[PDB]
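Take a look at this single chain in structure tokens; it is the form deposited without Bottromycin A2 derivative (MRB).
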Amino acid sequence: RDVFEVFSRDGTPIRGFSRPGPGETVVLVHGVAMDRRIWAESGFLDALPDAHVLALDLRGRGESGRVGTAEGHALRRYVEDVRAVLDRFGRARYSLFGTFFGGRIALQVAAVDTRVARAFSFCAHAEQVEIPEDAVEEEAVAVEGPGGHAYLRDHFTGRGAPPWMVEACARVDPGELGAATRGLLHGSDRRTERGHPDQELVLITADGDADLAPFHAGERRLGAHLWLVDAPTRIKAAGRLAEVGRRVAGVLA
């Protein structure tokens, strides 16, 4: 692997790695309480034999620049972070894959950037949601204080998340956990759109998901394909991420 740096629109440095390969160029976008290490730890990276893989740390996570503000974590800023990565590698076609909120980011990049030929969203849908302000603030306070890492570790352990997803939380600065949570009030509630007719859009979730309806809504509205994995909840579906990677490799082949 090689390391790279690019700059987002607002000046924030975005750091990542490039894993060279002769196949399709794939850009991987992690979730909120995660960083770029989850791709190897989950087995997703190993499931792509040929792809040229670009994996970024989103702002405020991993080796990327600090933010520390709610508006700095708006969805539109994360989209700008990903588009900067597309610029550096100079291709006309990319395939994006995102986990949880990273899937929502990938779908929004697809809506606005004509270089995105494929976008896959793992355990996140594309529909408008209602985001209650009081619930957001309650979660931000929970995750940003001295007890915030223990709060998240206990939450994810009790919900059966894979060990890599439990452990990633303690690698995120408490202040960025709080700010990213508040950033949800700056545009993430709106639905995402199809960027162009030839794009391939894929949603993935647990067959047991308690709220499959918004996934079916994206099939209809966006012409997206829906993939299911054997799991009773979205958090437990993360145990199937390498399996999903094998099916992604089949599309890229």
Contents of the next structure:
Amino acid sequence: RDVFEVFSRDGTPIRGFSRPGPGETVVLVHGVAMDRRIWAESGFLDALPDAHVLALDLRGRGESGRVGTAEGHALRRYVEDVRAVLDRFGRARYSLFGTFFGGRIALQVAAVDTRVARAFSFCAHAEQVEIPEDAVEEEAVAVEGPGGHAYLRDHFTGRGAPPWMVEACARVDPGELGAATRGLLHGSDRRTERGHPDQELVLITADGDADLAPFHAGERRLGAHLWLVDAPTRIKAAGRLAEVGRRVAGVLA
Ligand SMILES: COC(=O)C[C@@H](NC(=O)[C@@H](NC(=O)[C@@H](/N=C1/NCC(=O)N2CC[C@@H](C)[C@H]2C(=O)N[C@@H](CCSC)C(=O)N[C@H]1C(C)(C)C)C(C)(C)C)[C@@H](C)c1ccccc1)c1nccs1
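Having looked at the form deposited without Bottromycin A2 derivative (MRB), could you now put up the form solved in complex with Bottromycin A2 derivative (MRB)?
Below is the whole assembly, all chains and molecules, this chain first.
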């Protein structure tokens, strides 16, 4: 692997690694309480032996620049972070894969960037959502205080999340966990659109998902394909991420 640095529209440095390969160029986008290490720890990276893999730390996470404001964590800023990575490696065609809110980010990048030939959203759909202001603020307070890492650790452990997902929360600054949570009130509630007719859009979730409705809505509205994994919940579906990587490798082949 080589490391890289790019700059987002608002000047935030975005750091990541590039794993060279002769195949498709794949850009991986992690979730809120994660960083770029989850791709190797989940086994997703090893499931793609031929791809040229680009994995970034989103703003405020890992080795990327700190933010510390709610508006600095607006969805549009994450989109700009990812598009800056697409610029650095100069390809005309990219395949994006994102986990949880990283899936929402990947879908929105696909909507605005004609260089995205494929977008895969793992355990997130593309539809408009209602975000309760009070509950999200409550959650921001819980995750940003001294007990925030334990709060997330206990929540994810209790819901059967994989160990790498539990452990990743403690590597995110508490202040950025709070700011990213509040950032969801700045645009993340809108649906995503199809970027161009030839795009391959894929949604993935647990076959036991208690709310599959919006995933089917994405099939109808965007012409997206729906992949299911054997799990009772979205969090437990994260235990299937390496398996999903193998299926992604099949598409890329
Ligand atoms: C069944 O599976 C789930 O619904 C859990 C799953 N979530 C999601 O898939 C999506 N979101 C949600 O459905 C809801 N959103 C919340 N809060 C905003 C939010 O998302 N977060 C804040 C902290 C950050 C870790 C992240 C999060 O995960 N929080 C958890 C609680 C974890 S600690 C007690 C959490 O869901 N809370 C809820 C409360 C309202 C209860 C506070 C609404 C309001 C959007 C419908 C998420 C991908 C998204 C999708 C589109 C736009 C924005 C965000 C995940 N669990 C861990 C990783 S992804």
